[PDB]
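Trainee: Build out the structure end to end from the sequences listed, making use of the hints.
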Amino acid sequence: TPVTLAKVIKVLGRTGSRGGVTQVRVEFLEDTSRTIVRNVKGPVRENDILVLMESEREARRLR
Amino acid sequence: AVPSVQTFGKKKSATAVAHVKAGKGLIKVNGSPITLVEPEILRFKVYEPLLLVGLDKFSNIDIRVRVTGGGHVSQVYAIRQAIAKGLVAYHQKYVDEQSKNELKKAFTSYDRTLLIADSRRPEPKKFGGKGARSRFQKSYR
Amino acid sequence: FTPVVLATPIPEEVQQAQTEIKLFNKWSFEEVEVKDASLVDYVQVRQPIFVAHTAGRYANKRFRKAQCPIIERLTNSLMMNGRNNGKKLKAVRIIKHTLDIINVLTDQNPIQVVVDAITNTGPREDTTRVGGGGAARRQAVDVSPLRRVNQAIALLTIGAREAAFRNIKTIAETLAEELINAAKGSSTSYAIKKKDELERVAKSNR
Amino acid sequence: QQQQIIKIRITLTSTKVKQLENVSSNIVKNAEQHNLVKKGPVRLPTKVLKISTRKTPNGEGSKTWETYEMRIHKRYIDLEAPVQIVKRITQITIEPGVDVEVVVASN
Amino acid sequence: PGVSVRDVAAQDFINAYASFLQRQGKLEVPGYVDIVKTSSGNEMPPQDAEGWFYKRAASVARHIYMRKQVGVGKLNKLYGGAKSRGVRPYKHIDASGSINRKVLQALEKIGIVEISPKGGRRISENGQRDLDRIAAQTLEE
Amino acid sequence: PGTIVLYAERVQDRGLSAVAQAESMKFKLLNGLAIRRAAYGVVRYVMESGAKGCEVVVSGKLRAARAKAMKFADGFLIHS
Amino acid sequence: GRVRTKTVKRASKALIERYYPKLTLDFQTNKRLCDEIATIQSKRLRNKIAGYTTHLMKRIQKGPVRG
Amino acid sequence: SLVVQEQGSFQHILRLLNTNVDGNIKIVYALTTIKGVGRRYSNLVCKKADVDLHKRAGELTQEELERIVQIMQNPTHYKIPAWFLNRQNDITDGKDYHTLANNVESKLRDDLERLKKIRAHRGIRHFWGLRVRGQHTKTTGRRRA
Amino acid sequence: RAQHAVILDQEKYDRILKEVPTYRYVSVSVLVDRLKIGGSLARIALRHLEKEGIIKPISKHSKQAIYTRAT
RNA sequence: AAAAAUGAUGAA
RNA sequence: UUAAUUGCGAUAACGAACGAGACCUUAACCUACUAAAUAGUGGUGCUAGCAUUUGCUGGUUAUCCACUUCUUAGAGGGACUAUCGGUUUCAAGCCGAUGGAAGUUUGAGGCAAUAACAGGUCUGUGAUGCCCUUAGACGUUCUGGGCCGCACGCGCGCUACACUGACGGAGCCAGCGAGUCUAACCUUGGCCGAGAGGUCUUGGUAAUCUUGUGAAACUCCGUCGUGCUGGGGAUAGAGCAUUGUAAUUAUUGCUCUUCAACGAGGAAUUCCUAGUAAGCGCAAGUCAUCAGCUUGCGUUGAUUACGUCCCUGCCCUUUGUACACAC
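Same order as they appear, the protein sequences are chains Bc, BQ, BF, BU, BT, BD, BR, BS and BZ. Every position in the first sequence, counted from 1, becomes a number in the deposited numbering once 4 is added. Every position in the second sequence, counted from 1, becomes a number in the deposited numbering once 2 is added. Every position in the third sequence, counted from 1, becomes a number in the deposited numbering once 19 is added. Every position in the fourth sequence, counted from 1, becomes a number in the deposited numbering once 14 is added. Every position in the fifth sequence, counted from 1, becomes a number in the deposited numbering once 1 is added. Every position in the sixth sequence, counted from 1, becomes a number in the deposited numbering once 80 is added. Every position in the seventh sequence, counted from 1, becomes a number in the deposited numbering once 1 is added. Every position in the eighth sequence, counted from 1, becomes a number in the deposited numbering once 1 is added. Every position in the ninth sequence, counted from 1, becomes a number in the deposited numbering once 34 is added.
Honestly, the hints are just simulated from the structure, not real lab data. Treat the hints loosely; a few may be bogus.
As the list claims (entries may be wrong) - List time: in silico PhoX-like cross-link candidates among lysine-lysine, alpha-carbon distance up to 25 Å:
(1) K106/BF <-> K127/BQ
(2) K188/BF <-> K70/BZ
(3) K45/BF <-> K97/BZ
(4) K32/BU <-> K14/BQ
(5) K106/BQ <-> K41/BF
(6) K188/BF <-> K222/BF
(7) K32/BU <-> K14/BR
(8) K49/BS <-> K38/BT
(9) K188/BF <-> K52/BZ
(10) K41/BF <-> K107/BQ
(11) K84/BT <-> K106/BF
Mentor: Given below as structure tokens:
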């Protein structure tokens, strides 16, 4: 089943030339010890749950 | 003589004045029953102060509301605030404030503007556009 | 329940509304639940309202609109053509009619059907423009839950409005068919096919 | 002849709140200091006279607009008193910028 | 109990009092009905060709009952709407005065309104009598 | 006749009246006095009269065909 | 932003250097005292001066303040 | 509700004043196909011919259709206000006329030719094809005027 | 260019009295697109059927009528 | 690490 | 760090000034003061109407007695980011919650430095230098015409492309104004008229009357039924009125008739972050008449984002310069 639930534990900052994307760190729900960094489109909070279609790509374009 | 209070509710520029007093259960708005308040899609807005706390504590009072100013929606909101605040004032003046606080918690938990008037006010229009913020269309060639 | 005898007569349908707060005195918010985790506490169906009209202040804080009732947010996005700005009375009438039509067409809770449509029509992945070069590019990113519910509501109402334009069908009927198709996944609904299109572009630009 | 009634009304119009309230207070205190039963100074709604005009004398530049306004404050005091003291209150409680006109009525 | 024409819905009362006048057939319609379009701001005559004058008479009677006294100019402003001015923006336009004046005269003939020395036409003894009985009938239909 | 009456009153602190200072300096310039001498005399008189600040601006073709502004100030002035 | 200007800062400093024993930690009575111990042209400026005086008094309670 | 089950006597598009009147549009708005009758004129003609307004033109019988034609062709003797007409107090005989289907363009040509023959300014402007009612011609009316 | 029956003959009427009792949701646009009839006949047909009681109303409104099957 | 040329004479 | 040359501070500078802020106006709170027939409310208070256990009303300081919740306006109060928690290297501050009418500088404005621009205005001025003209006048008046002319290009706009609608009936609610005897201004009411209008009176120099400006979007019920169709109302014909000395090159209004393009608009490009955008009308300016314009006012009231420096630009610092008319 290609749906991964990950919870935002930290908001890193804004990315994108126009600032539209947000760096976040999320930990997986199935195992609470595997954290990854993702790029998110809209407004995000800590503890927000994201849906990861794919769950291996590290986020590029950092600051 | 008869126990009574007078309150008011206020939306943008509408003002409703409610006379609440020891009575029978009469609820009137501009001399007409609250069941005929318009619009009917918003009639439950003025039903809310009754249903949240229950009619068993409206069954011994009569309220008469006179609303002026504003528009059709603002007058409905003014009416509901006037009714809720009239109930609160009557329970303040002739019943215990344990009951008053029960009423206030019920109202403020359901909706804040039942007791406190919305503080949003119109922004004056400025020269150079149709509104407070919007400007006339600007051309360069 | 021993209706109260009262000098201003209240009809029994309004008397029964004392028991619990009921949307249009027809549809209950109790047992309605978001069946898509990550969208709980962004689809707010926990505090009941009698009607999808309240003059609430959800614009003065960043995330304040997440507590706005989801039926009211759906109503608010119906007030959108330029000729329909304002007209919340019209939008609320449309919402009431489409909820009735949903309950007649499918014997489920209309609020639950709306919630399922919103949870099913929010894109999980999207793309953003990147590259100050000559040829720009799209880079895949993920979508926040608030943006997911925002864009789900936008797609549902935009598809209903575009399908109601210039045809015999009423806007309430078209919105009912849109919500009913989206609540199960049909790919005949504008919102579902736009969500799949965005997710497929995001995968292609991954 | 024996302390006749008049039902007099004094009205006060000005563009200066301080001096207007000064003369109004002088009239009022004269009423109390002649132990006179009255209807206190009723203050009318303020009249804001607006003139909105372009700032430029020609028609060049950004289209900027000024709004000037006069402000008219009016009060009236109802009284009933003998002639010998209504006249002295006519000849006193006056100063520039406040105009006073006095009307006999039955109100 | 106590019934006045404020406990009944506006349109309900209007349609019932209009049907009453339709059965009674005493209003003495002016004669130029079905050629006029009821307002300079209107585009078409009333669609209910055989009952629009009775609808108007019922509306005017209820309006007079609600207010103290009302004249022809106020009926013209009340029933006037906005006028489509082609490629110009809309504006409010007063309704046709002859129709309202003859409605008022017809109600004077049937004894519903009188001369109201302070104003225009006001409600009568018998006007209150019949409008209140018909309102009671509409409530306990 | 008999309902209009005029009195003339002497102005205390003449050095604090901008109208009177501007009229006096106008007459000084009309008598052929130099702009700097006149402007500084006005500023000195105003400051000796007790003013917190004073300012004199002279604008126009002061010297040549091309116009310019000369500005003479003393003390402190507020603007807003 | 809510940064106090040098007018408020210096007035509060002078008030504390003159009237520390009279001043307290409560804004209401500090506001009341500012009218008698100083002449402030506006009520808004007096409120700002009193609230920065009480903020500095709260700072002084938990150790000394430079200046 | 006027639920009707009428037998196979329905008539489609029909000819009044050598004009093609449709038989599927309601009588009032179907008559407006004829040049010289508008929505007001059609409403008044139908309501003075005493036909049911909630009827399609196709189920009107021929005798009430001819009553409609007579009322339209000679309106002034059917209690019509006359201020309701198309050509009142004309320049030739001073009679109150209502110009109809094929006569509208011919009477328009008559007015045009009268103005052009007398060489009035409005007729000259018509001869040029420009606007005649005093409108500005600098910017608008370019693609055809 | 849609063609809709503006006059009701026997076949269309019997098709109404048979198909309409089956429809679970019934309205003006439903009759107009599933029976090839104008909105005016659609409104008349809804008003006709309600009086006998083979469709019943949930919500009667101008510009939107809500009917279901009788039971 | 995409592309981006030019701007008449005199003139406190 | 702040919106801020706003502060904490650092310090060959010390102490100051302008600007910012402070200030003023306006909007929101006050069941606390002082009142009010030019604002209201109550009194089986007076009188009278309708319907029957009493509700809705009509006249009420000029037919009375009380009161100030609503309205008004003087004096004041109120917020100071208050309290609590977190965070910064203490600090300046910042974030969140609570309480509160109000917690973006509470919202919006007014005012606003130095130095400039060959920016606009000589067509506002009996502000004005110089030049020109000055009786066949470029002075000042009268009549008529023009400024509006039409192969075409551009800017601001109005009306639309419809069913989230058009039309009909009914419902039925604002705020900001303005108004005449130095004369014909705002006009209720009655009568006539299909309308536009006419006519007899009336009130108002105005919280008093127009006016509750019964505005329009809007709501309900009905007709229409996806058809350039009852969408849209351009163009044109005929007639009736009003303003004015004069309406033709249609002043405008009204009635009937004709019923064009337009089915949402290429490249492009504007404005906007909450009672805001947008929809909707109203008053004032202009004004004899003419508002598709503007200045304000209220009615209905979203979506989206609380960010960035990609584009267009702004501020400060460092740096390079063959620029200084300043890329």
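Trainee: Are the hints correct? Go through all of them and say.
Mentor: Hint by hint, here is what the structure shows:
{"no.": "1", "hint": "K106/BF <-> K127/BQ", "result": "holds, 22 Å"}
{"no.": "2", "hint": "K188/BF <-> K70/BZ", "result": "holds, 14 Å"}
{"no.": "3", "hint": "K45/BF <-> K97/BZ", "result": "holds, 21 Å"}
{"no.": "4", "hint": "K32/BU <-> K14/BQ", "result": "violated, 33 Å"}
{"no.": "5", "hint": "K106/BQ <-> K41/BF", "result": "holds, 21 Å"}
{"no.": "6", "hint": "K188/BF <-> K222/BF", "result": "violated, 36 Å"}
{"no.": "7", "hint": "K32/BU <-> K14/BR", "result": "violated, 36 Å"}
{"no.": "8", "hint": "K49/BS <-> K38/BT", "result": "holds, 15 Å"}
{"no.": "9", "hint": "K188/BF <-> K52/BZ", "result": "holds, 23 Å"}
{"no.": "10", "hint": "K41/BF <-> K107/BQ", "result": "holds, 20 Å"}
{"no.": "11", "hint": "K84/BT <-> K106/BF", "result": "holds, 21 Å"}
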